[PDB]
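J.: Okay, here's what each chain looks like letter by letter:
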Amino acid sequence: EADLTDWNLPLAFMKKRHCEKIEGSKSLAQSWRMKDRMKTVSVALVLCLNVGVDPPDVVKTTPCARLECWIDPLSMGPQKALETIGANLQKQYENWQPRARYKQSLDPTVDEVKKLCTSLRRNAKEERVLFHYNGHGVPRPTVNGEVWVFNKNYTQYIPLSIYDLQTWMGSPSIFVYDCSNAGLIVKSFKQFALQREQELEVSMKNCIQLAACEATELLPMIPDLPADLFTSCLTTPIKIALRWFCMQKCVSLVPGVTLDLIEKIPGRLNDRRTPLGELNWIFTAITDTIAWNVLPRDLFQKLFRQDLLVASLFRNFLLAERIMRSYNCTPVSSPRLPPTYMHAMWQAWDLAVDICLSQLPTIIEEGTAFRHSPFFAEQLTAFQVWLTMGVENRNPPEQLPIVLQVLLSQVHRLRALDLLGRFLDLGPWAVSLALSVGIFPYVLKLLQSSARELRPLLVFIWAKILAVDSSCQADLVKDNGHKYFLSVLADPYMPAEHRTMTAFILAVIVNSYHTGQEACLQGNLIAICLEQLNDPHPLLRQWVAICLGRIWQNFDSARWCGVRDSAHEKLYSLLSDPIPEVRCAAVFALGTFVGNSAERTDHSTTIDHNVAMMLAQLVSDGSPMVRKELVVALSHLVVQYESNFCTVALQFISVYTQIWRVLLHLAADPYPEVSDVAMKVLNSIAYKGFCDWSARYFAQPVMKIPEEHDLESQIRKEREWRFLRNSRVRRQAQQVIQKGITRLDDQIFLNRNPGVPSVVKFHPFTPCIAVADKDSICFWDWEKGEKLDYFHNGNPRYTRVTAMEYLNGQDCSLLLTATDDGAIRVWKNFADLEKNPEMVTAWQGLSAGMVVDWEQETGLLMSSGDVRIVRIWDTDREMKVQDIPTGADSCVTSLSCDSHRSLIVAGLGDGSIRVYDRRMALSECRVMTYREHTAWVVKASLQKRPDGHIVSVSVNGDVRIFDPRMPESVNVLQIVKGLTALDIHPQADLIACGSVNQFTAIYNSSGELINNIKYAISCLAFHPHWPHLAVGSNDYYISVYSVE
Amino acid sequence: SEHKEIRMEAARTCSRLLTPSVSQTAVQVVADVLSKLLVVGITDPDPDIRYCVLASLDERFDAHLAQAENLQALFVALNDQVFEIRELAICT
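Protein chains in written order, with the authors' numbering: chain Y, 18 to 219, 236 to 686, 806 to 840, 958 to 1116, 1125 to 1292, 1303 to 1331; chain B, 613 to 633, 644 to 714.
In case anyone wonders, no lab produced these hints; they're calculated from the structure.
Any given hint might turn out to be false.
As the list claims (entries may be wrong) - Estimated spans, in silico, between C-beta atoms of each pair:
| no. | chain 1 | residue 1 | chain 2 | residue 2 | range |
| --- | --- | --- | --- | --- | --- |
| 1 | B | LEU630 | Y | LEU1019 | 55 to 65 Å |
| 2 | B | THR625 | Y | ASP1151 | 50 to 60 Å |
| 3 | B | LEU630 | Y | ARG358 | 51 to 61 Å |
| 4 | B | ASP670 | Y | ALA415 | 30 to 40 Å |
Stated by the list, open to error - Not close to chain Y: a few residues of chain B, all C-beta gaps over 10 Å, as computed:
| no. | residue |
| --- | --- |
| 5 | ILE618 |
| 6 | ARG619 |
| 7 | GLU691 |
Ideal Cβ placement from N, Cα and C applies to all residues, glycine included.
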């Protein structure tokens, strides 16, 4: 089952390639941080009507458009009713905003106009004035933008002073022109504004304008219309829409409806549960949706998000565009809008009305409890579909402005909040899109609700926002909402993920600035954070320790609880942590605990000294990141220990010097960045971050599905074709042994390679024979018989590259190199000369003789040398974790750590052979000792086998074979008595002898011999399956031997 | 492959070869061909190709047919010169 064996075969440093790639970003528009709040001043209501006096331009007919604000003056008290309409119109505007004033201005002459406009403008200059007009009992506007009222005499022509109004309205304002040629007023306003420019050459028009028709047009006279139609739309859209609707079609698919019933829809145009609330509420959603769809991006916020009475009547403008184009009108706007009348969302409106008014012919009479509209259910479903494929970031989904209404609506909030969660869990565009749509104020407000439902919802959403967003600035902590988080930091009633997010959110609140460290005192965050050290989830333990380490920022009043309730000592339980990310997170927090203590000394010197000695312990790690974070926790102590360090530094030319001793340990490290990190921190004293990795994760999508179950997933397709290949290789490479051994009748190659015999390794299925210079990783090709290249291991030339291993064999051909001084270094990408290699990790493992045994077999690395011990290395702790001694005192010179009998052999520096049951107590490891060697053990092949026999050679000059259950050397080959190179390969059962002659000597485990062939040599090895030989030889050279 | 009969059976190929196929990776491969096929259904000036391309769709792809961009391609098809294409379109 080869591709299952290939993945079952473990691999090394898999996560370690991820972390250092700490992400950065730049600030958006993020204009949900919206500034400008010029509201309205007041409404001018220059209600020029001269009631009953026909402007002589017009001739009426009996079927006449007559109503205004749904009052008829012809059937009312004439000169009295002229007041009533002004109050009525104000009261309609008060529905759209009452927090601004009103003057009801009836047939005003220029003096009256001057008084009205200038007095109101004088009360507030930068604020928006509302110019509002009606052109009745008043002829059509002049070519030069003028009017027709004086002392209500006879529709008397008057210049409107419009070019003076142009500075009265020069600062922000809005204008409405209800008249028979309003586009002429707008055009001429441009000619006067251009005359203002033709002075300003020594705010051209920011101010808003709404025109009841274009210049060429003239108003309708159909009696079924309210006469003030443009205003009636801008003021009462629902009455218009319903009263338009009911006339339009030419077969009434619901037939019961009449004008009479649409007057009597129940509700009060301000209650969503009532039908008369529902149609408005739907209309409110539709208009935004078109706006987001069809406008260029900024213009939407500029008109529909900056200000209320700007936006609100603007929504009605689209409804006006529809009815007006039904008739012969084309109303027009200050800004240069694109058209809208056609858009598909209008048909969603018309269906929603038909559904509603199907019922009303009974509800009016039969006490029918009405059926609520399905509009929102239908809408969220469509969005849910686009998420459920979720297949892109292209043409982003237009339902987005509908979502905002359900974030408020309790009746349906849950579903919407989840869907929004999934959307926010997508990549940063979706976050940016929600933010710039103006999701923020809802997501700000709604944490007012301590409903447990917000834990998987608004809290998760907050987490993902903050994962990218630095601009949220403990806002809900200077506001009330934070009380939510203070529960779900510690609240156990859900999985630790929910605490992980909250620990991150509170770790963000302390990341932001001192507002979080104040919030620590406003809720005792230290104590409840320490309670979370105990939960099993490692990334919670990380976020808890990064929380406390940010709590101990320069806000020393927080460190008072960290001292006075023993946080720093209690936290040492996460120095007893196997997880190097959690270990680092605690190491960081103790770093800032001492470091940021406002240069406080005295009793803190004694206590923080214990923190320093406790930190000094964790030098144990092959981990590059613990090796950095240890030195960085010490540079954090130095944040106030630089107040003492100058004299302490001189002692190597107590506890300050234990920090110094640890810094002096890491400054030599074979990973250049770890030697650098310690070197630069020693040097800065001599002259006198990880949390961003935690942040760099949290943006990643969670709901999106891991790959390997998909047959089209490329990781799987590479594995499945390329590694399954090795069934045939693992057979074929051993088939000459299966078929029985034959003469060594051929050679692939004899020539130079740039490496010394201090290391030789054969790569099993792929061509790199590694033979390396004493400072090197260097290579030649066994498949084709060809030069590959030299590269540098980086160890200094008084040391020696002494061993090599591969952290698989076939797939990810990661390689380890080891050095006589110990130096362990791990390497990639040279493996098929694709590109330039790099070092994935290195550490000074083993700090006479050095030896290595990597187990692909089990997922463990082992090595021995001057430490008088076989180190056993674990990549899960990233540490030396188990330790087997020399037994005698002469350090090990050849070894095998078997895991098929589970044994060690240590061929020693005194030439004795130690055999170990590695289950025995570590002071007692000897199962056997042998002493038929007494100089130095050059070869110690304890075969990792069911017949786990020992072949061994020593500087005494002899070969012998030994059995681990016998106190003796049992049998003999000695084909040459003893010699400068030998191998005994455990899957070929062959031996090769480093003949001093020009022909290499070759023999068998049976004591039999085979044909000797051309090249004293210092190293050789057989292939891991093939009965073929690589000879790393002597004098920067290789020769290779086979059957043919 | 402007030669008429190639185009007809190449449609009837791509359809059935897709029919046999959670993870994004396969679904992306479905989507990729599916739209590039659908283009032809409205596009082709050889009218019976327009017919056969539509005829090749079924419930066997309903999830991607519930996608809005495709609903536009359907609506575009829903109005046509050829009565039978319209008769087929309404069913979907």
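J.: For every hint, state whether the structure bears it out.
T.: Right, here's what the structure says about each hint:
1. B/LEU630 with Y/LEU1019: 55 to 65 Å: 57 Å, holds
2. B/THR625 with Y/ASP1151: 50 to 60 Å: 55 Å, holds
3. B/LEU630 with Y/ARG358: 51 to 61 Å: 45 Å, violated
4. B/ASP670 with Y/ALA415: 30 to 40 Å: 34 Å, holds
5. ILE618: Non-interface label on B/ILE618 holds, nearest chain Y Cβ at 27 Å vs cutoff 10 Å.
6. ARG619: 27 Å, holds
7. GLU691: Violated: least Cβ distance 7 Å, not greater than 10 Å.
Checked against the numbered hints above, the structure breaks hints 3 and 7 and satisfies the rest.
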